[PDB]
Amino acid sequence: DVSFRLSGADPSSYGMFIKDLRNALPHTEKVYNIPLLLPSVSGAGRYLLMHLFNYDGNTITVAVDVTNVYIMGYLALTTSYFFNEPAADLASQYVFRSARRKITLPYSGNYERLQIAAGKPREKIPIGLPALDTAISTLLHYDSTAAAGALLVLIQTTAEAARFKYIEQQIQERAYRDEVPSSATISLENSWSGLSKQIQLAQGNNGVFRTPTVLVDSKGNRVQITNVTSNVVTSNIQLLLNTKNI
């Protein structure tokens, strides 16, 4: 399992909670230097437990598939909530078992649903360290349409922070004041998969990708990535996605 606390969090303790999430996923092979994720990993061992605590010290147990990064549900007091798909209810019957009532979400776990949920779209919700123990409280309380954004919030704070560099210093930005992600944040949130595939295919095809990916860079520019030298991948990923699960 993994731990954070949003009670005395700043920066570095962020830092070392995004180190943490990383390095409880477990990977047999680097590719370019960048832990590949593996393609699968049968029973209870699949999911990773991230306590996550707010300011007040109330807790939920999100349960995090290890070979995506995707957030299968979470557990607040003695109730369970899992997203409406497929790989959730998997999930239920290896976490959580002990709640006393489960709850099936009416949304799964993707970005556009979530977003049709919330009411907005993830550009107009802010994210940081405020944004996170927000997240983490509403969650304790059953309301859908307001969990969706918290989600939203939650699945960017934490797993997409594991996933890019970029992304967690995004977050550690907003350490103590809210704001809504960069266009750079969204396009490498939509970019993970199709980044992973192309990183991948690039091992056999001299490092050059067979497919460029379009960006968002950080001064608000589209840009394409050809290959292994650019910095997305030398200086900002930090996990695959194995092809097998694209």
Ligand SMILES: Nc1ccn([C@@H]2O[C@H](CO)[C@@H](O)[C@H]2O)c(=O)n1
Second form
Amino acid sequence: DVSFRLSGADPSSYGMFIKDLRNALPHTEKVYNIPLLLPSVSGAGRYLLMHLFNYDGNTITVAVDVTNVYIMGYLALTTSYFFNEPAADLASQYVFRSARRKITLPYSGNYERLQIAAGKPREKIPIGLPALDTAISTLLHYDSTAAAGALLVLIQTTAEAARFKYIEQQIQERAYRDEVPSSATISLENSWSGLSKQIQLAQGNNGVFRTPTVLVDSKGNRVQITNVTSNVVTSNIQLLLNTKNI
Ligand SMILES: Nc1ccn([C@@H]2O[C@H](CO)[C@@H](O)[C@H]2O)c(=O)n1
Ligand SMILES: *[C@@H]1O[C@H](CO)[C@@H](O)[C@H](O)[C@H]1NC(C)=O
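Okay, that one was the form solved without the ligand. Can I see the form deposited with the ligand bound too?
Full complex below, order starting with the chain above.
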């Protein structure tokens, strides 16, 4: 398991949590020095438990699929909550079984569906450590519309930060003041599968992408990523989605 406490949190403690999260994901090899997530894990070992504590010390446990860093569901007191999707239903066979009741959320976990449920795109939803405190608090008691927004915050401040050093740093800058994600942040989130694929394909193609990946940079300008020498590959991305799962 991994844990993060918002009470007393600062950029350093958040950084330690994201390091722990990354290190909790298993891999047998690295591709261009980046951990390659496994094609498959069997049984309960497929799921990592994240214990998150709001400023008041109340807690939820979030279940994360270790092959893709997808959030499956979470436990709040004696109630479990899972996304309305087959992968999450499968997860419910293994985690939070001791919960008194299980609620299936009225949406799947993908960004497009969560934004519809929340009533806004995540371009307009502030993120940061304060927002994460709010998200945890919202998830403690069921409210599906509120939870969609909370989950958009949760996914970005945990999973996406684990995937990209740039996103981790963006949240560290928002340790005491929320701000909507940069255009680059959104770009990286949307390109993780594509980037993971091209980096794996680059092995066997002299480090060259079979298909270029278009990203927005820290400046708001649209760059094109063609090979493993790019900063996105050498410094930014921290985990690769296995091509088996793409
Ligand atoms: N069950 C799920 C499904 C998806 N996701 C996140 O949303 C993105 C897909 O739009 C994915 O890239 C992933 O980050 C999630 O957190 N949990
Ligand atoms: C590889 O990517 C770098 C950085 O984006 C770029 O400068 C260079 O032109 C690319 N090299 C090749 C051979 O495409």
